[PDB]
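In the form deposited in one PDB entry, a lone chain appears below as structure tokens.
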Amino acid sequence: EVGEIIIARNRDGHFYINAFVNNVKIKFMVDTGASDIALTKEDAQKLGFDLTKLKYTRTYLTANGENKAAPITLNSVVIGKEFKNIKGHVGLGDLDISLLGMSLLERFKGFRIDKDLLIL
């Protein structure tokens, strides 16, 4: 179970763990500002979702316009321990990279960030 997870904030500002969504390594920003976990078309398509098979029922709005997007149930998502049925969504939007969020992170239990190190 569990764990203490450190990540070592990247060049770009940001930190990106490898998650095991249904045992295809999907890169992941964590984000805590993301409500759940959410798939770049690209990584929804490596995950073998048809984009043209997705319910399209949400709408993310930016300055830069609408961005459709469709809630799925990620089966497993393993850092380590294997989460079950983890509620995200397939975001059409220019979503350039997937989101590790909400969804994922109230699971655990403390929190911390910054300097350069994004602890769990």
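We call the rigid core whatever largest set of C-alpha positions still superposes within 1.5 Å between the two forms. Residue numbers count along the first chain shown, from 1. Compared with the form deposited in another entry:
- Core-superposed comparison between these two forms: the Cα of residue 109 travels 2 Å or more.
- Once both forms are fitted on their rigid core, the CA atom of residue 65 lies 2 Å or more apart between these two forms.
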The other form holds:
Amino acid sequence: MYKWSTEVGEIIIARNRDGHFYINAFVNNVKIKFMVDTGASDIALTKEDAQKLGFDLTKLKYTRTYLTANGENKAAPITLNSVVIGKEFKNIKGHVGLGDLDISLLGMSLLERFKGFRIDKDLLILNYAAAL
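With the form deposited in one PDB entry already on screen, would you show the form deposited in another entry?
Keep in mind that what follows is only the chain, not its partners or any molecules around it.
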């Protein structure tokens, strides 16, 4: 008996009345709430979410420019071992900023890894396929 199966799934999210789309993901088994931002490339974590994930903020090195302001400027790049939104994605790029971030952001780099990603007016539709 050789057995193989694929899970083909969808997640549909209705636009919030505030005009944004939000999505809950499990990042290293921890539920984190993201705002979808098509202007973001990698994930942007709030300091509070980074700490929930067990990052030591004092050890991070802040080398990744994420703002055009002088002064407060660089975020610390991180890699997220596991991000589960329907399927599991591995080693996802992110950074942690400096504390002005109200809510963590999910950007195009992760979104573009879904088989399908569409924003159609008031809906966001994600289609995926995972082995097993």
